[PDB]
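Encoded as structure tokens, the following chain is the form solved without this ligand, with no partner shown.
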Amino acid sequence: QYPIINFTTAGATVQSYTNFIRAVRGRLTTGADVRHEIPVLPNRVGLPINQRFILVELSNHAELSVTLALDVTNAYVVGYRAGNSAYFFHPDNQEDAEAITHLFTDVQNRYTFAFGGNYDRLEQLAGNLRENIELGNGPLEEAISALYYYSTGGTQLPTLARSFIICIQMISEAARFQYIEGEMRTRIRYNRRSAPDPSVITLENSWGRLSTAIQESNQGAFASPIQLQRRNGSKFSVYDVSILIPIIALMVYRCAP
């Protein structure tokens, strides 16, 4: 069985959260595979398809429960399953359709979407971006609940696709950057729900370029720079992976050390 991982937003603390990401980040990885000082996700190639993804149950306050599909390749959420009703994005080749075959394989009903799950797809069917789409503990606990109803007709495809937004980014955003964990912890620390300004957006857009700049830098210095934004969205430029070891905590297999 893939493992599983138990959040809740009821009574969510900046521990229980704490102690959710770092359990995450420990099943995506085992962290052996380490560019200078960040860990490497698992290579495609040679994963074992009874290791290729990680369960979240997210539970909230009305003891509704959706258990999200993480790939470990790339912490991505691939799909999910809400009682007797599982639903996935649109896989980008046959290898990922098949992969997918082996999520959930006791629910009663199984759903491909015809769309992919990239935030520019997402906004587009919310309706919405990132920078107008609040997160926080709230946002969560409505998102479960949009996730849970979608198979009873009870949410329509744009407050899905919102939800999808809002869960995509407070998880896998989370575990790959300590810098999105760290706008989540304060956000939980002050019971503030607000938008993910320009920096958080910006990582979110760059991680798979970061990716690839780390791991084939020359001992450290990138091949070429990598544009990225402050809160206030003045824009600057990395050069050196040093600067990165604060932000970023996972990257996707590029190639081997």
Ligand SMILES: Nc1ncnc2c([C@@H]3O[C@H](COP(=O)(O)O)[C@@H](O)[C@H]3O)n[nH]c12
Contents of the next structure:
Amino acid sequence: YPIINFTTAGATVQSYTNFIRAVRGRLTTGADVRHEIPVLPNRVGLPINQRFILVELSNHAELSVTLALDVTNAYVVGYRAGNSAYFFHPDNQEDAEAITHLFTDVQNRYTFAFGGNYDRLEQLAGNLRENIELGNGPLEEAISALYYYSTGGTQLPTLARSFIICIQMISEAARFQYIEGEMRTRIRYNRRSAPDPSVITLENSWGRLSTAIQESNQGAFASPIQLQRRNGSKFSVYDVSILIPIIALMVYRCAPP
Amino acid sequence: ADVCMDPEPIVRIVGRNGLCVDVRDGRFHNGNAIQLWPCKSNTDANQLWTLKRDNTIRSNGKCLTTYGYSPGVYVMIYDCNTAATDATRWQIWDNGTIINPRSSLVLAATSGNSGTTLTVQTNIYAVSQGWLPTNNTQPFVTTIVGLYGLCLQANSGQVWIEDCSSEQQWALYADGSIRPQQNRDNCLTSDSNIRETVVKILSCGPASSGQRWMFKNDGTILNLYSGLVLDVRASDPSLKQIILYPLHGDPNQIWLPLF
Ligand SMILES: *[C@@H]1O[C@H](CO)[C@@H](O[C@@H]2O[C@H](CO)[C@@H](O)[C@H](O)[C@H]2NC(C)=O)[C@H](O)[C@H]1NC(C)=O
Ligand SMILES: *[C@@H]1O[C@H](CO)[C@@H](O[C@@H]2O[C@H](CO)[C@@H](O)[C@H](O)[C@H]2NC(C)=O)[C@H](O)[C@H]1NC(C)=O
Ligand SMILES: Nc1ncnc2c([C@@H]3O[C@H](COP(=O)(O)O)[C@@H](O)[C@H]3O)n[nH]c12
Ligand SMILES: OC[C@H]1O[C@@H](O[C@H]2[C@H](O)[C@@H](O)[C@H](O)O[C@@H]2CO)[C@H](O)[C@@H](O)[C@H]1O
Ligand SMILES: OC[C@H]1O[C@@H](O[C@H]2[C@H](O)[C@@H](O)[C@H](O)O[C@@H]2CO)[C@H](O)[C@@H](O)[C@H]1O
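For comparison with the form solved without this ligand, produce the structure of the form deposited with this ligand bound.
Okay, now the whole complex, with that chain kicking things off.
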């Protein structure tokens, strides 16, 4: 599997922008673009040698961790630190078998009891995405937390909080230029800050938006999708045009006519 | 799962100056004119359109029909069966164009006045030819962020980039224009289609093709007619100039609508 690497060490707005550009490039094949937005590969019929990409994060402390993302949805399914590998509890027979092909080297493979969804993760963290800060600092801390869970010096609440950070600054970033910019802003000014309502909303609506756009009538939606602004106020989207500069990746929903 | 099943949404069609595609005086006799008209908050069928799968746009059961296949003829409402089959056919493009595939003429509003009759003109990607299927009558107000994290700002007749102080708020209209929130009858304009014309802020009056833009997926703001993109001259915010320029994709051509 391909390997993109990013270090928070000399982390810069450019290095971060290249990193994400690299992740989006490895997720899609350019074969399927609708209304100018790339679509992710169809899960059914995809060989396991093109099923995952490996992101390797490293920080100042010289600690390193490797996240594994499922290409069909940009989902962080697990990771490797040192000689061990941890996976989120798969939620269907197929996925369970698929992950088997990741990190075949490692001597110790553990599968968490919980899933990687936000709900479950927020619960375990004892925090809501609205209270967990994002930024380069938080990314460094998350990498450390992630690394030491293998040695035994990281509590579960902290592990979960670390996952919520990586998933957002990497997966959600690849999915939305809007969110990538948000992260770029934090790095630019050395800010540590929880995501705004608009970010949380875009995250929770990816699936819905992917569907609305793909099964739309010439860009027109059959049902409006409701989104939030930074200040929290709502607004409805009825057409695909306004989304074109916001969504970078879409999960496959159906085939084109 | 299955092949994508497209629907048939009932929606309004907003265009020039935020006005709506309207069936004149709510009457539906064959031939009655289609016009621009202040959008209404209610359920009068004369302002609601159904995008049928067969490529016809219908209001209250009738078809949006073109009088002929020549620049200048008007658009009318008409019985879908009685009318010339491919005169009721249209395609709604992602870049806000509604085209009659047959004559290649576009739905247009050669006037921004309330009550103007719709016609089909030659496609030149003008603001007088931009539309949007939406129940959303108001324009989208945002902050456009660019090079070095700076914001797009307007100070009367000119526009440049500067540090973001939370007017730098812009309204994105259905007709494809980008207007400064404080003076909504002013457009982000570009005099020519030449490789360096300095983008300015003039009145939306002419609704020219140099006043229509589109935010692409790659983070650029494209001028549909010229093929050029907003560019911060020589990556130098100091020069205080935004120009039209061919696409290369460096940081000085990338923008983001921060809402
Ligand atoms: C825009 O608004 C109109 C009217 O509020 C919506 O039209 C209704 O749509 C439902 C479901 O599609 C129909 O059952 C009703 O009969 C329609 N009302 C009318 C005119 O009688 C329309 O769906 C809205 N557009 C969208 C996609 O949100
Ligand atoms: C506006 O969008 C339409 C969407 O189709 C563009 O027209 C088509 O462009 C594709 C290339 O992407 C061609 O294969 C088609 O032949 C074009 N015509 C049609 C009817 O499909 C159009 O180019 C866009 N306008 C601009 C200047 O970007
Ligand atoms: N480990 C993870 N990796 C990537 N995304 C997510 C999420 C978010 O929740 C969403 C769930 O999407 P689905 O319900 O289609 O599986 C993901 O698309 C993402 O928005 N939770 N956990 C995640
Ligand atoms: O033509 C402008 C405007 O007409 C409204 O219809 C009016 C019509 O003008 C009037 O003569 C009649 O007595 O009452 C109608 C309803 O108030 C349309 O409703 C409106 O959409 C515009 O189309
Ligand atoms: O002509 C505008 C053009 O400038 C380029 O930047 C040049 C600039 O012309 C000059 O300062 C010198 O050549 O070095 C700069 C680096 O290329 C931009 O690259 C281009 O996008 C336009 O803005």
